[PDB]
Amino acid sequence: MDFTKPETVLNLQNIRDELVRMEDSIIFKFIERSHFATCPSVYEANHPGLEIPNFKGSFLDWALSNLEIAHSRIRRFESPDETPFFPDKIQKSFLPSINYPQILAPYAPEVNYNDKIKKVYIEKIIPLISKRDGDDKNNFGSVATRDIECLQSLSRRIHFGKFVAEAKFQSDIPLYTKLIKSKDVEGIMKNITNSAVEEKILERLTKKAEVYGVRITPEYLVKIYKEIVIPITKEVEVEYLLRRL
């Protein structure tokens, strides 16, 4: 797959493979973060305790923004692959700009979920995967980096659902146009996902978790994933598809 070649992106088996790569990650990112306590202070807004000059926003926010700025000068946020959490602060690169051919529909950028992702990460995911609850002041830096990477993995995967949904639409125009025209959510819902194949994916994902690393059993993790992360993946697909005509 290459984002400079539409045909290679819209290819179903290719995306199929890409996801396997971007879904295994989120799982590896979670297993990493699961070695630290909850560290509420790392998220409490306005960074209570850290003397950050006029910064307003959690410690996590400062760190993530700070690291997104550093990562941008090397073209990280120019690929249709990446969507930053702080667009208003990412710098430009001293490397040549790459011509990425249009693949998705124009409105595509309007379909952004970043703020939702971080909200479920911090409120719903963290409490479940932490080693324990409480601030671990000697690891605020380690923990913060972990979140930034778990946020980065959740985003890229979730937002890749526009390509996943665009490839699908185009794989069967006649079918989707009808579903879309009748604003039939559930119709769309059942055609972009096969229970038979989704489960085998999760069965594979569980096996990876165990062999990788790991209080949190492999199967329990895959369910945290299946029940809090998956639903958001599909919200991007149906939103995109509905306004596709």
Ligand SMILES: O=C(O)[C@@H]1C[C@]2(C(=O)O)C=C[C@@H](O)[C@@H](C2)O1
Second form
Number of protein chains: 2
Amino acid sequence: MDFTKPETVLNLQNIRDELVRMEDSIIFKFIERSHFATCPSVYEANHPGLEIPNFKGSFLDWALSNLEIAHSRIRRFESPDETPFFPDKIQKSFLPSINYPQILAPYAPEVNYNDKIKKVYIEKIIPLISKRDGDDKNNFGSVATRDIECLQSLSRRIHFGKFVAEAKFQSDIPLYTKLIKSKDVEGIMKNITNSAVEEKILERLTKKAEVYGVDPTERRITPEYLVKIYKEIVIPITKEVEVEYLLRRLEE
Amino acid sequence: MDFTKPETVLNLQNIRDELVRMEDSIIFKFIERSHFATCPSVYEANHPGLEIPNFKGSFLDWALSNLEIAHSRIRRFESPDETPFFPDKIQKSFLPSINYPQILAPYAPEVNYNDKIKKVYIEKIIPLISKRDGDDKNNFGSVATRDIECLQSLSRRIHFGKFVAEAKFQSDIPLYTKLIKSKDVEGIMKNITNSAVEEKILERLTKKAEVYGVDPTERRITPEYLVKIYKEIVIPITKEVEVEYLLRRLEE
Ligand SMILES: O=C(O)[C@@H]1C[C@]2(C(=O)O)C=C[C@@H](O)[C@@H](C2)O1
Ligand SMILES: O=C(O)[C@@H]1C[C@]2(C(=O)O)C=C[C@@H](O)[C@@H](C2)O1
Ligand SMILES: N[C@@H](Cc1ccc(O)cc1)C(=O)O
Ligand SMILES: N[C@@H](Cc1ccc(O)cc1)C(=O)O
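Alright, leaving the form deposited without the named molecule aside, put up the form deposited with the named molecule bound.
Complete assembly follows, chain above in first position.
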């Protein structure tokens, strides 16, 4: 899957294959985060004791914005598969730009569930991957840099819905246009949903959490929890993206 | 440990013994619940398909509330070791009362972690003990009556912290008095924590699971998941109960 060969990107099989690769990445990251306590204070906005002057948001928010300018600089978000958490806040870098040929429809960057993803990650995901419960007072930074990678992976994967969506739209334009004009939510949804694929996903994840999750000579990840997570969050939201993208697919 | 002989209830060893008998009980209940699936729907609040007239709450909530009034009728909550889930929804019985002498301080009934207990049980425990993943449309009541059973045990056990707390308090009033006035959490926390004791507990659970969990002629419960639960939820929340009890211990 090459980003300057529109064809090799708008290929569903490929797209799924890439998603499969991400499974491990995401796993590895969860595994990492498991080492530290929950660290409530890190996600709590404007925490006294962790106040950063002229800045409003949570320790994590800060950490995430800083990092985003760093990645911003090495041209990260200039890429269609990369969508920033603090979008209206990054600057055009000091580096020639890779001129990625248009694959997705122009408004594509506007679709941005990071607000949701960040939220659900903090509230639903954290309790399931973190070990102890409480504030690990001198690992806030640690915890933070980790939450960020999880978050970025999570976002890449999830925001992949746009490609899938586009790819599918291609496969049957009349059918989709109809549904879209119709603003037929349930109709589109059931058409894009393929329970068989998502069925295999949940199965393999269980196996991976079992091998990677234990010292091969312990238990940094809970198989059932990972399923819970992908089932209740990862897969659901990817589909939200898919439909939202689809509706606006006939704009001017 | 006789509830009409206060001194025998305020003996730390006795309290510990009773907490041991409970291990089996809980295992049994867990073992029972393990026969049915996760059954998501039983937990979803006001589920379209299970809607109960003039009632906001989940199927479980209803099963739980009803059951509580039943036990309420047979004087269940009139005792210091039983703390209800819907505390103010309970009516006094039609039955001459047992007259328990004071053991705990008056505000005791107010210390109530059942919201957390119920919520954690639903999100962390259920996935670990239920066999498969999905809804068993004609076993919701079963799942529900057993969940409640697990719930009442956990609740009894966890809330035992109050007795422990009151005990440790008696053992060295001046020391705790200081910590309380200071409202020194970490100070109380590490002063009431006995890791040798909690270490021994995890040990025998591992074994108990290996024997009760398998048909002596399989695997209703992993000794690993059992250990996980007590370590992450049971013991932790029991300690929360002990701190708060102590903090409020100096009230007028
Ligand atoms: O077709 C697809 O592959 C994509 C991705 C998806 C997932 O979350 O993996 C898998 C199955 C489909 O129902 C949805 C969600 O569209
Ligand atoms: O001393 C105690 O007995 C009580 C109960 C407790 C537990 O949860 O088992 C066991 C050990 C202590 O560290 C805490 C938690 O207080
Ligand atoms: N793939 C692009 C965009 C990118 C940059 C940095 C990243 O961390 C991720 C993606 C590049 O490497 O130029
Ligand atoms: N032990 C008391 C209170 C009690 C009632 C019902 C129960 O389910 C449990 C405890 C009694 O039975 O007299």
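Residue numbers count along the first chain shown, from 1. Heads up, when I say rigid core I mean the largest set of C-alphas that superpose within 1.5 Å between the two forms.
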> Picking from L151, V164, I90, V120, which residue has its CA shift by 2 Å or more between the two forms, once the rigid core of the two forms is superposed?
Replying inline: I90
>> Does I180 shift between the two forms by 2 angstroms or more at the C-alpha, the core having been superposed?
In response: yes
